[PDB]
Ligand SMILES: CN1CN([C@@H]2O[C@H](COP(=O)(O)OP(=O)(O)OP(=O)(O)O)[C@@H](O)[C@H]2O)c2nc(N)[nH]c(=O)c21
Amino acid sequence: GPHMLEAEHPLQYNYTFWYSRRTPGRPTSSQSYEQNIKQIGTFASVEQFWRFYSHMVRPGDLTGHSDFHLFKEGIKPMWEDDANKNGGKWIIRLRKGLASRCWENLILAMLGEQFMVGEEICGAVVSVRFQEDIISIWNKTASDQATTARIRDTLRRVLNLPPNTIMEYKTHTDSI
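Now supply the structure block for this chain alone, in the form deposited without the named molecule.
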């Protein structure tokens, strides 16, 4: 679990890794539809983060329909969570082979407090699919245009992506 240790470098928040997988079809796979999400663990320092991250496969090497989620401790990676329900996310769709580096850059910027939006960040997701990967960063208030504008600028600055790459913002409710 997460403890603050004098010899270690604290993060501004504790964060929790999550892992989900979806067996997407009844015809598509021989097995029946199945969906699972499991909390991996929670960490409080830079050194503790590396203990977890260095022992996880990079997302570009996951198979099937799988996701890593990295969210502030106490925020579930589900839009209906209190911390998320009035929020939204920046979405970046990537051709296969780019997600592992972009995920690392994203979560290092998030954990390191590089966004400068106070408490607005909820967490980040990398979703591995068959023909593309999707990376997103979620924030608390979807209607806070100044916040969501600052996140975009930091993303463009820290992610190291071709300037042709599109980014889209989506408010979680808009899905209903």
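Residues that one form lacks are left out of the comparison. Positions refer to the first chain, counted from 1. Heads up, when I say rigid core I mean the largest set of C-alphas that superpose within 1.5 Å between the two forms. First, how it differs from the form solved in complex with the named molecule.
- Core superposition between the two forms leaves every listed residue (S66, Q114, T141, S29) with a C-alpha shift below 2 angstroms except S29.
- Considering only residues present in both forms and aligning them on the rigid core, one finds just one run of three or more residues with C-alpha shifts of 2 angstroms or more between the two forms, namely 23-36.
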Given for the second form:
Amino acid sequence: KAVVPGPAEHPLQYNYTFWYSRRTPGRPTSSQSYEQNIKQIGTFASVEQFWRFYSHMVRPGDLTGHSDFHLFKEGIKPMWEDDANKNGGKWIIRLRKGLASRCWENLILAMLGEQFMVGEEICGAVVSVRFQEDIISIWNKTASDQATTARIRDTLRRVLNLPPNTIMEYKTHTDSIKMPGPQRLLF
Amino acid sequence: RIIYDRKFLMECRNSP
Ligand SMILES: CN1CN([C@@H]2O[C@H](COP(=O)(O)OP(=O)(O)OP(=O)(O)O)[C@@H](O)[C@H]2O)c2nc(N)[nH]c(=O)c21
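Since the structure above is the form deposited without the named molecule, I would like to see how the form solved in complex with the named molecule looks, so please show that one next.
Okay, now the whole complex, with that chain kicking things off.
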């Protein structure tokens, strides 16, 4: 079962797993329910194995519904509850429609190619497709590590071509957990 | 650490 690079393939620093989820906004969501709505697509160990999945995948810009792709180090679930994520957080970038597919490709290539240079800190990346915008996120292990979170922010600026006036926001997962005019109906 | 630049990664797209 264990995934290894093939004979002539180019090995990665880590194995990674693609995940996919589709839901609706505003669901009363426990740990167990969240985990049931996310599914593993495939795991890879080499650059060539990456492209075998990625070249055959729907681009996030072409997904319908309230849907997400997650690409995380093998053994890390894309959930706050995972031991690797419990003390962590994420940089988020919000994008108008039409930009997510290119941004996602740049993000995951930078991640896989070890462009962040924060040791073991990266957990994974998410692209979230929503009603009138898309969101791209990168998760790391230790939210309190200011050197790490700053290095990640700067790397995103370096590898992504963002519209002028693009806000980046850092959210600790513990802040996310405890976060609450009209109710938000379409997202 | 195993590091790859973007260009190298893209170049691998056309090999199995
Ligand atoms: C990553 N998430 C997200 N999540 C909760 O599950 C619900 C659906 O997640 P989502 O589709 O990413 O949220 P979304 O509607 O895009 O917006 P927001 O993140 O602003 O709440 C949200 O209420 C979210 O807070 C989670 N709940 C648990 N238990 N564990 C988790 O890791 C996560």
